[PDB]
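Undergrad: Residue-level listing of the chains:
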Amino acid sequence: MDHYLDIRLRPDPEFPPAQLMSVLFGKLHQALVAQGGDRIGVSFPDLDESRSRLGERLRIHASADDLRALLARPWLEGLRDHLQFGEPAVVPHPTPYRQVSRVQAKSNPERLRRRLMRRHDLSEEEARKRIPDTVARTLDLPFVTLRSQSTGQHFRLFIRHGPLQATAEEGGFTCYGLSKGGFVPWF
Amino acid sequence: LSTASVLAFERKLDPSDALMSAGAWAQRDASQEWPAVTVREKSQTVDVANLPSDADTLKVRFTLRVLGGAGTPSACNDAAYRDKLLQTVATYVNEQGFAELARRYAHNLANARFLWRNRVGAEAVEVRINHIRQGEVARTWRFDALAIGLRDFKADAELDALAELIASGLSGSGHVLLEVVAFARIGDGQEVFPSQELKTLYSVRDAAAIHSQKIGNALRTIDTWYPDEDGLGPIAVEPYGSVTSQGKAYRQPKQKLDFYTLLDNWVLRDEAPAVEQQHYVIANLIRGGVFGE
Numbered sequence: 001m002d003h004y005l006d007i008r009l010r011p012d013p014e015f016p017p018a019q020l021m022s023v024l025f026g027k028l029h030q031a032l033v034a035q036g037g038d039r040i041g042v043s044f045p046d047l048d049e050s051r052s053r054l055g056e057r058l059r060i061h062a063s064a065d066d067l068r069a070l071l072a073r074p075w076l077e078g079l080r081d082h083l084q085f086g087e088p089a090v091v092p093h094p095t096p097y098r099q100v101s102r103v104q105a106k107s108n109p110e111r112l113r114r115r116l117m118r119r120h121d122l123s124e125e126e127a128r129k130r131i132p133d134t135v136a137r138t139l140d141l142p143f144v145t146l147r148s149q150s151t152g153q154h155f156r157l158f159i160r161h162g163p164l165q166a167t168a169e170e171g172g173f174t175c176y177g178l179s180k181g182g183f184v185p186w187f
Numbered sequence: 188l189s190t191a192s193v194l195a196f197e198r199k200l201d202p203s204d205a206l207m208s209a210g211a212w213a214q215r216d217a218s219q220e221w222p223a224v225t226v227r228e229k230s231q232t233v234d235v236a237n238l239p240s241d242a243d244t245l246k247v248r249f250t251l252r253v254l255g256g257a258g259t260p261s262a263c264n265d266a267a268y269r270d271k272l273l274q275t276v277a278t279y280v281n282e283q284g285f286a287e288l289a290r291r292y293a294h295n296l297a298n299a300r301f302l303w304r305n306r307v308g309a310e311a312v313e314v315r316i317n318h319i320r321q322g323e324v325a326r327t328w329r330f331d332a333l334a335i336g337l338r339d340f341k342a343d344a345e346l347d348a349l350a351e352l353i354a355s356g357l358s359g360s361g362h363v364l365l366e367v368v369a370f371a372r373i374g375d376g377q378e379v380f381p382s383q384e385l386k387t388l389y390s391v392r393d394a395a396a397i398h399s400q401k402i403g404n405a406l407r408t409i410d411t412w413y414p415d416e417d418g419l420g421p422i423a424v425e426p427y428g429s430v431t432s433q434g435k436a437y438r439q440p441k442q443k444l445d446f447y448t449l450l451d452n453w454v455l456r457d458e459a460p461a462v463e464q465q466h467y468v469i470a471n472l473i474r475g476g477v478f479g480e
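Here the protein sequences come in this chain order: X and A. Note that the first sequence covers residues 1 to 187 in the working numbering. Note that the second sequence covers residues 188 to 480 in the working numbering.
Rather than coming from a laboratory, the hints here were simulated on the basis of the structure. Take these hints with a grain of salt, some might be off.
[Claimed, not checked] Just the calculated beta-carbon pair ranges, DEER-fashion:
1) A:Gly434 / X:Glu124: 41 to 51 Å
2) X:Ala34 / A:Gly434: 50 to 60 Å
3) X:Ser107 / A:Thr448: 17 to 27 Å
4) X:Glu124 / A:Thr232: 54 to 64 Å
5) X:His154 / A:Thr250: 58 to 68 Å
6) X:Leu71 / A:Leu273: 30 to 40 Å
7) A:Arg227 / X:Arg137: 46 to 56 Å
8) X:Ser101 / A:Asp347: 33 to 43 Å
9) X:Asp140 / A:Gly374: 30 to 40 Å
10) X:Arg8 / A:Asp375: 54 to 64 Å
11) X:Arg73 / A:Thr250: 34 to 44 Å
12) X:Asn108 / A:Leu385: 52 to 62 Å
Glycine included, each C-beta is placed from N, C-alpha and C at the ideal position.
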């Protein structure tokens, strides 16, 4: 994708930057739900995989008309005191490419119990002996804490940046901006 | 002459506990029978409060008492130190009024900063402020709180009249009682953010609410003279002016700009600081607290 926009979280005493990036990713998801499309990607160029931090930057990649459209929408109403804007410009050359993947886990055993007892009509003990409590997977990935609107549930979403490649291939994106085959330029 | 071993100031600008209610927009002038936001439990069991599915407006209501007599301590051992401090605040008041401080307090009243997480992401917030002289209303202010920014202290004629009322209260020339109602437009079925206890939510009797000290912390977010930076904006007035979120302390005592060293230089040694620092230390005396050995 040719054009990128960098929005920086303004340093704020009233909330930590994790909460601002949470609400920014959430309103980003709501704006991408309102526009649709699968050619709109995200990246976080302030990565730090030692302490698993997401930093303070948000880089959204698409075309020119999409970015200049997303500037003038009410998904930036009520937030523009708390973040700074950049300019939609071309990605420089040359840059590597990588992905943004959502990596969940089956770290809750109880959902797997409910699944195995709802499809098979087992008992609690058969589901307990089939899958033990050691199935919980630990993760060292950065995460964003979003809530739900209609049936409200607050969850952390882990973001994984993939390996740096030399060329990018075609592919879509979700409403979260996450990679489904399409890679974002890393710089 | 040295500082007193005990020294205590009662707080001025007493806020109430801000009660939460819900309703639909353009019923804002009929918002007297609006039902309150009920906290409910759901599955670990967490208590959350949401707006009803036919309401998009969260209405918070509290009261504020501006009392005055901000220089006199509530307890003091030394009498000469007390007279020195009283005449020092007297020369501060005779130099300039409470107009800058009441202007900043009226600014923080104008924007809906007391809605902490209920202001972020709201499409439209409006603040109604009633100065209540007798049992009935005596003056009304209406503000678009999205118009007043959280970074700059502007000027407006209604805002200057509100600041003149607050400065008249702080000077002891009259008793000030304000009722602050705020409407926030979030949407249908969205969540609100009341204060949390020691997960449970703060509640007055069958109604979600915010702590009064939370509204008080939001109201004194006027400190724009800390020497580290100023591009972040105002913070709450504190000796060693710090914030719990960032984990860092401005007005560090290594620098000569905390509250205590400023007060010791001004009162004991008569080294009067810069006028913005004078505003800071008088704002800390309005904030109140326990000072001394």
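Undergrad: If a hint holds in the structure, say so; if it doesn't, say that too.
TA: We went through each hint and held it up to the structure:
no., hint, result
1, A:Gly434 / X:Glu124: 41 to 51 Å, "45 Å, holds"
2, X:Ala34 / A:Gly434: 50 to 60 Å, "36 Å, violated"
3, X:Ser107 / A:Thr448: 17 to 27 Å, "51 Å, violated"
4, X:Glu124 / A:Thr232: 54 to 64 Å, "20 Å, violated"
5, X:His154 / A:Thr250: 58 to 68 Å, "33 Å, violated"
6, X:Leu71 / A:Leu273: 30 to 40 Å, "56 Å, violated"
7, A:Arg227 / X:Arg137: 46 to 56 Å, "32 Å, violated"
8, X:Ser101 / A:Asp347: 33 to 43 Å, "55 Å, violated"
9, X:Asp140 / A:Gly374: 30 to 40 Å, "35 Å, holds"
10, X:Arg8 / A:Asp375: 54 to 64 Å, "32 Å, violated"
11, X:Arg73 / A:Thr250: 34 to 44 Å, "38 Å, holds"
12, X:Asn108 / A:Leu385: 52 to 62 Å, "27 Å, violated"
Violated hints, listed in ascending order, are 2, 3, 4, 5, 6, 7, 8, 10 and 12; each of the other numbered hints is respected by the structure.
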